[PDB]
Amino acid sequence: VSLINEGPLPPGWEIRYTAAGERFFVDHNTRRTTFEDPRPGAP
Amino acid sequence: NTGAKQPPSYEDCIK
Numbered sequence: 002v003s004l005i006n007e008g009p010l011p012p013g014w015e016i017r018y019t020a021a022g023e024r025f026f027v028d029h030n031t032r033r034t035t036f037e038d039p040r041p042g043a044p
Numbered sequence: 336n337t338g339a340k341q342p343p344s345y346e347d348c349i350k
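If you read the sequences in order, they're chains E and U.
Heads up, the first sequence is in the working numbering, so the first residue is 2 and it goes up one at a time.
Heads up, the second sequence is in the working numbering, so the first residue is 336 and it goes up one at a time.
If you're looking for bench data, these hints aren't it; they were derived computationally from the structure.
Treat the hints with caution; some may be incorrect.
If you want a taste of the chain U side facing chain E, the calculated C-beta under 8 angstroms gives, among others [unchecked claim]:
1. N336
2. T337
3. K340
4. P343
5. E346
6. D347
7. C348
Just so it is clear, CB atoms sit at the ideal spot from N, CA and C, and this is done for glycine as well.
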């Protein structure tokens with residue numbers, strides 16, 4: 002439950018957590034990646 | 336944003 006029944010995921014995105022203790026975002030639509038959730042635009 | 340870390344590579348690693 003405690004990390005498997007949390008709130009809904011963002012639209013058409015993936016979100017991962019590295020062994021360094023940091024969080025990253027992944028766009029399957031263009032194979033792009035980023036450190037945060039910025040405005041839509043240039044890479 | 337300076338500070339190199341573990342690079343995120345999902346689809347870009349499994350291809």
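Q) Is the shortest C-beta separation between U/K340 and chain E less than 8 angstroms? A) holds, 6 angstroms
**Q.** Satisfaction of the U/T337 interface hint, Cβ to chain E closer than 8 angstroms
**A.** This interface hint is violated because 12 angstroms lies over the 8 angstroms limit.
Q: Against chain E, run the beta carbon of U/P343 and see if the smallest gap drops under 8 angstroms.
A: Hint holds; U/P343 Cβ to chain E Cβ min 4 angstroms, cut 8 angstroms.
(Q) Is the interface hint satisfied for U/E346? The criterion is a beta-carbon contact with chain E at less than 8 angstroms. (A) For U/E346, the interface hint holds, since the closest Cβ of chain E sits about 5 angstroms away, which is under 8 angstroms.
Q. Do the numbers back the hint for U/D347, that is, is its least Cβ distance to chain E under 8 angstroms?
A. Check passed: Cβ of U/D347 comes within 6 angstroms of chain E, closer than 8 angstroms.
Q: Have a go at the U/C348 hint: is there a Cβ in chain E nearer than 8 angstroms to its own Cβ?
A: Not OK, violated: U/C348 not within 8 angstroms of chain E, min 11 angstroms.
Q) Going by Cβ atoms only, is U/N336 closer than 8 angstroms to chain E? A) holds, 7 angstroms
Of the hints listed earlier, those the structure fails to meet are numbers 2 and 7, in rising order.
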